[PDB]
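Let's have the full structure, built from the sequences with the hints guiding it.
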Amino acid sequence: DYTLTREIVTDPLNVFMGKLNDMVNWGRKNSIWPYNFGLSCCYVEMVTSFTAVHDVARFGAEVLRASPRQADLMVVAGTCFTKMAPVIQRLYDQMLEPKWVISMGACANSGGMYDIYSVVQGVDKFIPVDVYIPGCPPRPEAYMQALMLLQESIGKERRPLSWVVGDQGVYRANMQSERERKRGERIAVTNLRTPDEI
Amino acid sequence: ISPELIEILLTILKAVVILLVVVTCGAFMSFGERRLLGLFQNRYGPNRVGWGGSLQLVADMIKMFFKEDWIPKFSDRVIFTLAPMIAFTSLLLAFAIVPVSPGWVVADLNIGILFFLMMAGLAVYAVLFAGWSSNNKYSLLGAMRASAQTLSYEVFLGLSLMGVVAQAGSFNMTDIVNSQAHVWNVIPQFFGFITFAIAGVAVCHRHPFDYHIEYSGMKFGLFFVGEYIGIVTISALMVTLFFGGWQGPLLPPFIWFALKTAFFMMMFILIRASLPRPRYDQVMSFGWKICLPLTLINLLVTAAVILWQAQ
Amino acid sequence: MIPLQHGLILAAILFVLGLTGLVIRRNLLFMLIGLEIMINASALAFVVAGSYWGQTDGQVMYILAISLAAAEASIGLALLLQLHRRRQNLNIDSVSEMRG
Amino acid sequence: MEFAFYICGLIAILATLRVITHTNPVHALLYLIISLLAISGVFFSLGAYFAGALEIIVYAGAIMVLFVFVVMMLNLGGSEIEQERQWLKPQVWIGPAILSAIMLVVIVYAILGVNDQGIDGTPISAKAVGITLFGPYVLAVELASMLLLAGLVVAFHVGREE
Amino acid sequence: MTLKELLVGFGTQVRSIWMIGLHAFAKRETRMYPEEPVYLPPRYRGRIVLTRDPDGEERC
Amino acid sequence: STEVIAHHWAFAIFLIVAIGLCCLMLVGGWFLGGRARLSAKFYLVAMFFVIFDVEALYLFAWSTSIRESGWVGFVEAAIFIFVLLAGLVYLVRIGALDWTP
Ligand SMILES: CCCCCCCCCCCCCCCCCC(=O)OC[C@H](COP(=O)(O)OCCN)OC(=O)CCCCCCCCCCCCCCCCC
Ligand SMILES: CCCCCCCCCCCCCCCCCC(=O)OC[C@H](COP(=O)(O)OCCN)OC(=O)CCCCCCCCCCCCCCCCC
Ligand SMILES: CCCCCCCCCCCCCCCCCC(=O)OC[C@H](COP(=O)(O)OCCN)OC(=O)CCCCCCCCCCCCCCCCC
Ligand SMILES: CCCCCCCCCCCCCCCCCC(=O)OC[C@H](COP(=O)(O)OCCN)OC(=O)CCCCCCCCCCCCCCCCC
Ligand SMILES: CCCCCCCCCCCCCCCCCC(=O)OC[C@H](COP(=O)(O)OCCN)OC(=O)CCCCCCCCCCCCCCCCC
Ligand SMILES: CCCCCCCCCCCCCCCCCCCC
Ligand SMILES: CCCCCCCCCCCCCCCCCCCC
Ligand code: SF4
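Protein chains in written order, with the numbering used here: chain A, 4 to 201; chain B, 6 to 316; chain C, 1034 to 1133; chain D, 16 to 177; chain E, 8 to 67; chain F, 2 to 102.
Note that these hints are calculated values from the structure, not bench results.
A virtual CB, placed ideally from N, CA and C, is assigned to each residue, including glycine.
Hints may contain errors.
To be verified - From the structure, some residues in chain F lie toward chain C, with a derived Cβ separation under 10 Å: (1) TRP31; (2) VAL51; (3) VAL55.
Unchecked claim - Taking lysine to any residue pairs in the SDA-like style, the calculated list, with each CA pair at most 25 Å apart, reads: (4) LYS102(A) - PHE40(A); (5) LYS34(E) - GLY125(A); (6) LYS11(E) - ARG282(B); (7) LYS34(E) - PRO44(E); (8) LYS142(B) - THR86(B); (9) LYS78(B) - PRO283(B); (10) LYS294(B) - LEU305(B); (11) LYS78(B) - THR85(A); (12) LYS142(D) - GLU77(F); (13) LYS11(E) - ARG94(F); (14) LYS11(E) - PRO283(B); (15) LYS11(E) - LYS142(B); (16) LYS294(B) - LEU13(E); (17) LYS86(A) - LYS142(B); (18) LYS102(A) - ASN141(B); (19) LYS19(B) - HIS9(F); (20) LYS185(A) - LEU47(E); (21) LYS142(D) - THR86(B); (22) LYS142(D) - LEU1101(C); (23) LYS142(D) - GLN316(B); (24) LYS104(D) - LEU1068(C); (25) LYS142(D) - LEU305(B); (26) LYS159(A) - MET66(B); (27) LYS78(B) - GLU95(D); (28) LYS142(B) - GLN1121(C); (29) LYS294(B) - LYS142(B); (30) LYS22(A) - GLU73(B); (31) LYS294(B) - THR19(E); (32) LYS294(B) - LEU98(F); (33) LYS185(A) - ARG52(E); (34) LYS159(A) - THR54(A); (35) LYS11(E) - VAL90(F); (36) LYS142(B) - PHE40(A); (37) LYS22(A) - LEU27(F); (38) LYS142(B) - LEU1101(C); (39) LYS86(A) - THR54(A); (40) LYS78(B) - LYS142(B).
Take a look at the structure:
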């Protein structure tokens, strides 16, 4: 159950090529360089994650490039305004493969609370998103959880090793949804602490 | 099999070992800069990829290697490929003269620190080529400003080192570290020491003296590894020129040299973490009005003391 | 065991190449480039002459030659910048008003 | 040191020939920097260690840094001259080619008739050059400082902005 | 610039370096997510659920 | 000799391995992975660098032979450095070295 991009296909994978692909995916998922992109309040929570009290640096994702060429992760953390949607599209085009997209917050997910004339209702209207984060704003640890989700998504995708040989198509794994995976524990919740307590 | 060929092979293997260690130390000191900034900023830094983050550098290396190699369409391919090549090899060859131990030196040249000055000029060329070939106005302007900075501090890099050269009476590195057999040159050439430290920070484009936006993939990695190799080279050079190099009372010579070099690498990281960045005009005014006359007066007083003490 | 004639021949080749580049190029920057080539070839010839006789005199006049080269390149590039400022082209055939 | 001398001389000749015929200013400056490194290698082959050190320090580290600075200041993208390529047409360059070839033939004929014991390549250190520089050549040093001061004043006066 | 200003600036740079070094000798303030779970207050506004009565029927 | 030629071979191998390492790094970066007018102040500061750099080379030549030149050479280099500093004071005092006016 994979997905081809240049189609629901199967697992394509010599046994040495599988180990080579696993090492490539391990190196790509353990070194993810986000693009410094200040849109709205969700970016404030993103840079709150980048600080000392949360330390996204532990995952190897602290480099925070100001140039789209060096970065390989686009965290759309803010509202997709109509004036900035071409800017976001151009910055995504300037990135180089492999690249991944995380929508952070309700604005980047669907437009959020701003169903208004000057706001594009979600960045997935024009940019293929890999991980969505609900929240307004999502807390910094929610951004780190989404980073880990992106890491385990990257760790089993199949990409070409070299551009001169082999299949050049990009295979993305169809992950099981987090909602269906966590339904076994979320439904079993019975009692929560009362709101009058600290 | 002859003893002369055995000695030739041993010296070649010694140079190969030195080269591999300085390149590996530059990459692992990029990683150590991340970890040390984490230490100085009340956090941990990368400590999840492997034990303590020791496999992080392999992860960025694999990410750099398996990225889309990209050259701009309206750019000069040769100069774009050439600029990281120069930024790597120039400061690597600058390290090629530093004696890390008695008997462990790549080339015992009679020019020495002059070869370091040649390599520094070629590093300035690397910055200029990177800025021009990107075909970008922002990168071109940033290269103009950065290259004028490096010129304003290479104007006195050598004149800061001339106090040590004057005391040693030679350009050779081993003669310089042998001239500090009793007192390290940081004591008499203190003003030369501070001016050389300032110039070494400035010509390495390090904080607080810091055109890379068009570079990506392995070229950006080559640029950064060359920058940290330049950090290693400047640290080892000031260890050999002002702190005796391999000489010390109790520890083996490599232990003393490595401890002093690692202390200056940590001082690089602490300078980056602590000081704010000054403005352009104040930086160049400090480079021209302050450091150059200080180096000239230091050389004059050094010569006067040397000739006075020659009975 | 390197002949002096070979070094002098190499220096003369570089000198005549610099003179050819100085003549055939109308761009003022390429003429300054040619001037740098010729004075560097003259300095190389003097270094060869001083190394054949085993004297420091060749390197001393090399030093004087490159002091002249540095200052001449400074003045020439200042004049080139002024020419590009007041007439926006480096073609020297435009700069031909005094004649006869 | 013989093979190094001949290979560096050949590289310098080829790079200079590429310089005088190239149309891109930055490529021409790069080839001339390669030629300057080659001539420094020629200097190191002949034992003139200080001359080669200053060839890379000053000639291939300062003067053409100034040239590259001026070229990128002007933003020379090959305008109004690269559209011409006049020096590549025979009618411009053959005449000076015969002129330079005749001069080279005359200078080579004069060179081949000199007493030649060969260059031993014994390394003349920078210490001896500094001893001679402040011994028999004192007034040369002082008036060279004055010459560089004059060049500084002239280039500042002409190359201002206002 | 003024020599007194230069000395005061040098002393202040040394002071800043000393403070950052003493920050290196201090306790880490990092909460190690995900190994260390996030403490959330009881009235924190996160995921929405529908609850039941004590009898076990849905309260909506 | 043996030690000198061994050090020369070591330096040559150092150069060759460094160049080959950088070339191999760039080749591996290229092969691997899928695909999809300035002001006159810059000239002024570079020219000042060039002039003070050749005056620096004069001081470089002096500094390695101070003891063999004696007090006479100190007097001559003192005159040289005095002219250097007079030129520097002239450059500073007229605003040539001020980046902003
Ligand atoms: C992209 C690549 C571009 C090309 C790069 C270079 C390619 C060739 C590399 C290998 C060349 C062979 C190795 C070098 C020769 C080593 C031996 C040597 O230099 O010996 C001469 C001298 C020895 O001195 P010593 O032995 O101490 O004195 C006692 C008496 N003999 O020692 C000396 O005189 C030492 C001084 C000369 C050392 C030169 C080192 C290289 C300089 C050029 C670097 C280019 C960097 C890239 C391009 C920059 C931008 C153009
Ligand atoms: C207002 C207008 C401008 C005014 C001027 C402003 C700029 C001032 C710049 C001053 C520069 C002073 C430099 C002094 C250097 C003199 C020391 C020296 O070079 O001594 C040489 C001698 C070793 O030589 P030798 O004995 O031949 O042994 C070599 C082995 N072959 O060495 C020895 O024997 C050891 C001597 C040790 C001496 C240590 C003390 C003096 C040097 C350190 C000063 C530290 C100052 C700290 C900060 C003070 C406040 C600013
Ligand atoms: C291989 C095919 C071509 C590949 C591309 C070109 C690469 C560069 C080739 C030329 C330069 C290196 C030549 C090889 C030198 C190897 C070492 C050697 O032969 O040393 C001899 C000598 C050592 O000095 P000495 O003490 O006199 O030795 C006598 C021994 N008792 O040495 C000396 O006296 C000085 C040695 C030369 C000076 C140092 C090296 C200078 C390098 C300049 C490079 C310029 C840029 C080249 C760009 C090429 C591409 C365009
Ligand atoms: C291995 C190599 C690396 C070694 C690492 C350790 C050494 C690192 C050296 C770093 C040097 C950084 C130098 C920065 C100089 C900045 C100069 C500057 O721009 O100063 C301007 C500032 C204000 O000037 P003002 O005229 O008042 O401006 C008014 C405008 N509204 O004026 C001022 O604030 C006055 C003071 C200016 C700076 C004086 C010198 C300070 C140098 C940095 C601190 C070094 C402390 C010791 C570090 C360890 C040494 C081993
Ligand atoms: C080219 C560079 C030329 C200049 C440098 C030459 C070399 C150094 C020569 C000695 C310099 C001494 C400078 C004066 C030190 C004492 C004055 C001082 O630090 O003033 C700055 C500041 C003033 O206090 P203020 O900001 O008004 O705060 C209110 C407090 N009641 O007060 C403070 O911030 C508090 C005190 C801080 C003291 C810091 C350390 C002073 C001594 C440093 C010695 C050298 C250290 C070398 C590096 C060590 C670490 C590696
Ligand atoms: C930043 C440090 C760079 C060092 C480069 C050189 C590495 C050479 C490795 C040699 C190891 C042995 C040295 C001689 C023996 C004395 C020390 C013994 C314990 C290591
Ligand atoms: C618009 C003005 C252009 C001027 C171009 C000048 C070109 C001069 C070329 C001279 C060629 C001489 C060729 C050799 C002549 C015979 C040998 C020398 C004289 C005996
Ligand atoms: S989702 Fe909420 S917090 Fe995030 S950008 Fe929109 S309004 Fe701001």
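We went through each hint and held it up to the structure:
A distance limit of 10 Å between C-beta atoms decides the matter here; for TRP31(F) the minimum to chain C is near 32 Å, and the interface restraint is violated. Satisfaction of the interface hint for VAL51(F) is found here, the shortest Cβ-Cβ separation to chain C being roughly 5 Å, below the 10 Å cut-off. A distance limit of 10 Å between C-beta atoms decides the matter here; for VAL55(F) the minimum to chain C is near 5 Å, and the interface restraint holds. Between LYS102(A) and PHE40(A) the CA atoms are separated by roughly 15 Å; this keeps the pair inside 25 Å, and the hint holds.
A hinted pair counts as satisfied when its Cα atoms are at most 25 Å apart, and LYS34(E) with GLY125(A) does not qualify at roughly 42 Å. For the proposed pair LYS11(E) and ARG282(B), the alpha carbon gap of about 21 Å is at most 25 Å, so the pair holds. A distance of roughly 19 Å separates the Cα atoms of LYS34(E) and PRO44(E); the hinted pair therefore holds under the 25 Å criterion. For the hint linking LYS142(B) to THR86(B), the alpha-carbon distance of about 19 Å falls within 25 Å, and the restraint holds.
For the given pair, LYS78(B) sits about 36 Å from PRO283(B) by alpha-carbon distance, which is inconsistent with the 25 Å threshold. Taking the CA atoms of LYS294(B) and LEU305(B), the gap is about 17 Å. The hint holds against a cut of 25 Å. The straight-line distance between the Cα atoms of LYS78(B) and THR85(A) is roughly 29 Å, outside the 25 Å bound, and the hint therefore fails. About 17 Å separates the Cα atoms of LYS142(D) and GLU77(F), which keeps this hinted pair within 25 Å; it holds.
Proximity of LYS11(E) to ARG94(F) is assessed by CA-CA distance (about 21 Å); at most 25 Å being required, the pair is judged to hold. In summary, the hint linking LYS11(E) to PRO283(B) is supported, as the alpha carbons are separated by about 18 Å, within the 25 Å threshold. At most 25 Å may separate the alpha-carbon atoms for a hinted pair to count; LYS11(E) and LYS142(B) exceed this at roughly 40 Å. The suggested pairing of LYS294(B) with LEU13(E) holds, with an alpha-carbon distance near 12 Å, which does not exceed 25 Å.
With a CA separation close to 24 Å, the supplied pair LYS86(A) and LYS142(B) stays within the 25 Å bound. Restraint check for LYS102(A) and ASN141(B): satisfied, since their Cα atoms lie roughly 23 Å apart, inside the 25 Å limit. A threshold of 25 Å between alpha carbons decides the hint, and for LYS19(B) with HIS9(F) the separation of about 13 Å falls inside it, so the pair holds. Proximity of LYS185(A) to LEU47(E) is assessed by CA-CA distance (about 19 Å); at most 25 Å being required, the pair is judged to hold.
A distance of roughly 39 Å separates the Cα atoms of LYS142(D) and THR86(B); the hinted pair therefore is violated under the 25 Å criterion. With a C-alpha separation of about 23 Å, the suggested pair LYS142(D) and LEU1101(C) falls inside the 25 Å cut-off, and the hint holds. Restraint check for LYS142(D) and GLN316(B): the C-alpha separation of about 21 Å stays at or below 25 Å, so the hint holds. A hinted pair counts as satisfied when its Cα atoms are at most 25 Å apart, and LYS104(D) with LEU1068(C) qualifies at roughly 23 Å.
Only pairs whose Cα atoms come within 25 Å are accepted, and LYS142(D) paired with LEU305(B) is accepted, the gap being roughly 18 Å. At most 25 Å may separate the alpha-carbon atoms for a hinted pair to count; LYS159(A) and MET66(B) meet this at roughly 19 Å. At roughly 23 Å between alpha-carbon atoms, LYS78(B) and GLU95(D) fall within 25 Å of each other, so this suggested pair holds. Taken as a hint, the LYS142(B) and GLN1121(C) pair is honoured in the structure, with Cα atoms around 20 Å apart against an allowance of 25 Å.
Straight-line distance between C-alpha atoms of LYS294(B) and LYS142(B) comes to about 30 Å, which puts the hinted pair past the 25 Å bound. At most 25 Å may separate the alpha-carbon atoms for a hinted pair to count; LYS22(A) and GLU73(B) meet this at roughly 21 Å. For the given pair, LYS294(B) sits about 21 Å from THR19(E) by alpha-carbon distance, which is consistent with the 25 Å threshold. A hinted pair counts as satisfied when its Cα atoms are at most 25 Å apart, and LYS294(B) with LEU98(F) qualifies at roughly 8 Å.
At most 25 Å may separate the alpha-carbon atoms for a hinted pair to count; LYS185(A) and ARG52(E) meet this at roughly 19 Å. Proposed proximity of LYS159(A) and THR54(A) is contradicted: the alpha carbons are some 29 Å apart, above 25 Å. Of the supplied pair hints, the one linking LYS11(E) and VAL90(F) holds, its CA atoms being roughly 21 Å apart against a limit of 25 Å. Proximity of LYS142(B) to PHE40(A) is assessed by CA-CA distance (about 21 Å); at most 25 Å being required, the pair is judged to hold.
Between the alpha carbons of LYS22(A) and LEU27(F) the distance comes to roughly 24 Å, so the proposed pair stays at or under 25 Å and holds. For the hint pairing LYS142(B) with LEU1101(C), the CA-to-CA distance comes to about 34 Å; that exceeds 25 Å, so the pair is violated. Using a Cα cut-off of 25 Å, the hinted pair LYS86(A) and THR54(A) is violated, with the two alpha carbons roughly 30 Å apart. For the suggested pair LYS78(B) and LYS142(B), the alpha carbons sit about 15 Å apart, so the restraint of at most 25 Å is met.
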